[PDB]
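Below: one structure in structure tokens.
One protein chain is absent from this view; the other protein chains keep their places.
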Amino acid sequence: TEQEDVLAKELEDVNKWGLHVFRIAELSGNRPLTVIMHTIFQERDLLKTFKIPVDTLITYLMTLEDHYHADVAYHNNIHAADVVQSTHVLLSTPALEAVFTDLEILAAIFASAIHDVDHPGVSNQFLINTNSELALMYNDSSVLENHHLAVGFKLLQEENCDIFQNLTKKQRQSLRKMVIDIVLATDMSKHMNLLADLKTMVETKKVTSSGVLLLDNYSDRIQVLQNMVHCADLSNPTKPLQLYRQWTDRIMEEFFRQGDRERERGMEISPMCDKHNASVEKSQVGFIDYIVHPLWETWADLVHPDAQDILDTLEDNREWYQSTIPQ
Amino acid sequence: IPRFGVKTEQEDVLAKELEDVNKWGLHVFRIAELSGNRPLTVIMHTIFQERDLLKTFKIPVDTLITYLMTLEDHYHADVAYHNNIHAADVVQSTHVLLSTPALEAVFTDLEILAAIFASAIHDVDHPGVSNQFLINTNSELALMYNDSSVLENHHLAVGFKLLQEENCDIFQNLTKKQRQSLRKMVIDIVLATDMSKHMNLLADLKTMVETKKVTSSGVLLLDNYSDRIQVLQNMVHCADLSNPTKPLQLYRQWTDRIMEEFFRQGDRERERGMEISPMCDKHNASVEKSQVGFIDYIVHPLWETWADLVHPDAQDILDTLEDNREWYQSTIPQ
Amino acid sequence: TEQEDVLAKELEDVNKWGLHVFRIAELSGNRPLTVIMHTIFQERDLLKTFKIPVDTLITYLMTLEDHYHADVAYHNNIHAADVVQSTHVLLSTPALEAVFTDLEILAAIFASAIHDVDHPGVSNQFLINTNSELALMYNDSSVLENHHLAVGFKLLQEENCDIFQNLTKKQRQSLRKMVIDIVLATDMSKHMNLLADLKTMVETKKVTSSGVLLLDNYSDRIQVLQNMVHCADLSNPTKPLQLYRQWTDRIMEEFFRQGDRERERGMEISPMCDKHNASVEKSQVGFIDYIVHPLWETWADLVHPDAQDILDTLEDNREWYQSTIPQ
Partner (left out) sequence: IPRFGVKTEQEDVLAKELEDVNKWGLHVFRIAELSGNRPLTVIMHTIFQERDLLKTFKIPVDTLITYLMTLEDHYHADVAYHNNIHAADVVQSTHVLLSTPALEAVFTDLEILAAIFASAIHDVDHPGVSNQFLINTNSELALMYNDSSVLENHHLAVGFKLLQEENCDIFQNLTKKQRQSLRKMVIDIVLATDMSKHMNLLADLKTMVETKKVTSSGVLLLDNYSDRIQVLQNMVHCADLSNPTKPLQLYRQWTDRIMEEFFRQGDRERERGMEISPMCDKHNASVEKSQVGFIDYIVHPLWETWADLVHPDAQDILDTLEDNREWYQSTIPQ
């Protein structure tokens, strides 16, 4: 338990943006998703609130984690633990204090933990082009996203894995719809139109008598939740450079692997996947310029301005990569 | 099925019925009976031969026939409305719509193949119950498709999967380019049959009619994929919603069937202590009032707009719809 | 009311070989499996014993019944209800009194209930020959049987359908193995081996202090349960002629329908499936002589003299059909 102290201390940062997730992954014996999720649940007192037997929770978490591919560079259990922990911080954003119910909170966190489960390390288009069984089952539409959801729920059926066994029928139905709405929203093909609404919304932004954001209908409450987890999934560039660079190393490794596979198959190599003609630095700045920043700028507003330290970090990291661009 | 190389008595009657394949109002139920319950197979085959689709896409005839029978075999005979007769009707209706003057020479053979194939598979393996029923019972289908367009996704998955059975790949001779294109259009069209897409689908159709463009010929102008697929989606959607525009004799048979299917679902919901879906309670129904509402809020608005787009091609269809609307209206007991 | 009293009265014969199962099918609005299963569960006190909530039982039964095809002439919910009821009678045979446990009883009945669920009305060979998805999934081996089991168990996951939610893990563990063993044995491909082994047991027939049969190991126990359900699945010829004749009209219609489909596809028409070259009477006599009678004669030996009247009804029916053979 010598390191049990290190892990324990490391976890003390679970509420902080910039947790040493990679260290935790090492300290936990490659169980970042299980320990982090377990801490967040204990912390938010979700086990007692939803009467979740401790053994059941841990068995499901290990099972869920086990279904993330250890051989995949980016989309693995570490990325999952990261999006969970990040959504967890984004939920505690002052501008949302006491806004969401324990169920909505449970939904956001659960959705984050399962959002990429059983990811093969290749894109939807690659699965589509090859006529993979997954693309055939989902009609080439949000192939992976649909799959992530199905697996996430199916695993609840394994031995002692149903963590929602004590929710009421109504709670289960409401939880399930939200989890689905959120995960399906992680598909980058939804990003554009998804962003517009986050804007159109921040325009009419309303506050309560408590100074916290005001959300009425399901429509508005889910959009915030959708964009929120969507931000957590696209939060690598807003973290301290040290962590961010590791994520970039990982995503590039996954990209290049796909490119090697497309190349050996005589398939057109996907954008940014050709290791023989790459622009890692230039791609990061462009990624930040046309996608991440535009998204994270709006959320910075929405939770005005508890996201400041986060937005400045994004801009700082951009400059860094910018100064790394060859020629 | 023949003898000595000549059609049998039945076959000849059937062939004579099939002569109206290019006409709105085909005696589809008569064809279903005459063909030994193979309306989808015979109608699809007639249309493929009519449009020379076998040669154009090099589809071996035995493969086409084997796939068709296999596809038809996966529609449920015990389902009153959503069966092979409904599929054959939608195929034939789409076929007629494709040949409307306002669209002559607008679509490629591939887009034509896509609209017809999508129509043929659009409701395959339909269980006779709504998406919400599948969602409420936590069915495996709903679990697989995340409660989103459960049936429509299933219809597509099954339509394509059946291509893998013995000698069923009718697209074996298409290039990967053709197949990727064909597949995307078919998927776009069938997913658009989910009623949850009706409103937006109609909105865009209206918008298009607003900015409508033609050429030296009174033929519509469609540039991008977005407008071409929009028209194809609304075309098959209209076909799927064409029952009220057919001669009253046919329209009523369809109403009897959808009502039977609705009531059957209602009885299942009642057995299960579930809330009975709208119009599915045989004990508290208003068949006539419901057909009137169906026309006033859904069918007429859709077809009216379509008639604008292909004006004046759909005039008669529109007038028939209005005649049938009045008929049902006058049937409402007070 | 009336039709309700008629149904209630008909169900009174639930413990008798020769129940008017078709009449019950009509009277219940096509719910023979639901009403007969429910009746039998009450009769054996299974709801109390395994604490099965009544709403859960009814919902599961209707769900299971709904997954049998109404358009299938023979392999539909009436056949299922019939096998369930037939197994229920065989279980009460004197020579087996107090031999099986409540769990083993439950397994045999549940197995009977789900043994042909979602049957498409065509043989394994037809499915194999057309390269169907089911055959590909099950490697052409007991395709339908494996499928009936997978569906039967899967349906327990639908809303309020888990009738074993109160069984212990050990009970679930044992019940599942027994159900699997029983249904896989319904494949006619395993008939010959089943009969042989059954006979062997008839030779090593070990009685008990109470004069009832003696079964030590799981192997002998499951063997008797497998043959029992097998006999039930093959009991049509041993039932009152009015019933038997209906069964024959149904199986023949299913056979002929497959034969037409095979004819359509240019496939070789399966044995007895060609309506243009049929011999219904002749075929039934052959079915009794080479399969049904051999099996039952043996079962009669094991439970002597418990099934004398069943055996006599068979031999009687055999003659009826024989004399029906035109010349």
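Observations, loosely collected:
When the chains are written out, they are named A, B and C in that same order, and each has its own residue count from 1.
In this text, a contact is a pair of C-beta atoms (placed from the backbone, for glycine too) under 8 Å apart; a residue touches a chain by one contact, two chains touch by 3 or more.
The hidden chain makes contact, of the residues C:184, C:251 or C:310, with C:184. Of the candidate positions C:141, C:166, C:189 or C:219, contact with the hidden chain is made by C:141.
Residue A:59 is the one among A:39, A:59, A:85 or A:141 that touches the chain missing from this view.
Residue-level contact of chain C with the missing chain is found at 136-141, 146, 149-150, 153-154, 176-177, 180, 184.
Residue-level contact of chain A with the missing chain is found at 55, 59, 62-63, 66, 69-71, 129-133, 154, 157-159, 261, 264-266.
We adopt the following convention: only the chains that are shown with their structure count from here on.
Averaging C-alpha coordinates per chain places the centre of chain A 40 Å away from that of chain B.
One simple way to say how far apart two chains are is to compare their mean CA positions; for chain A and chain C this gives 50 Å. Within chain B, residues 161 each touch two or more of the remaining chains.
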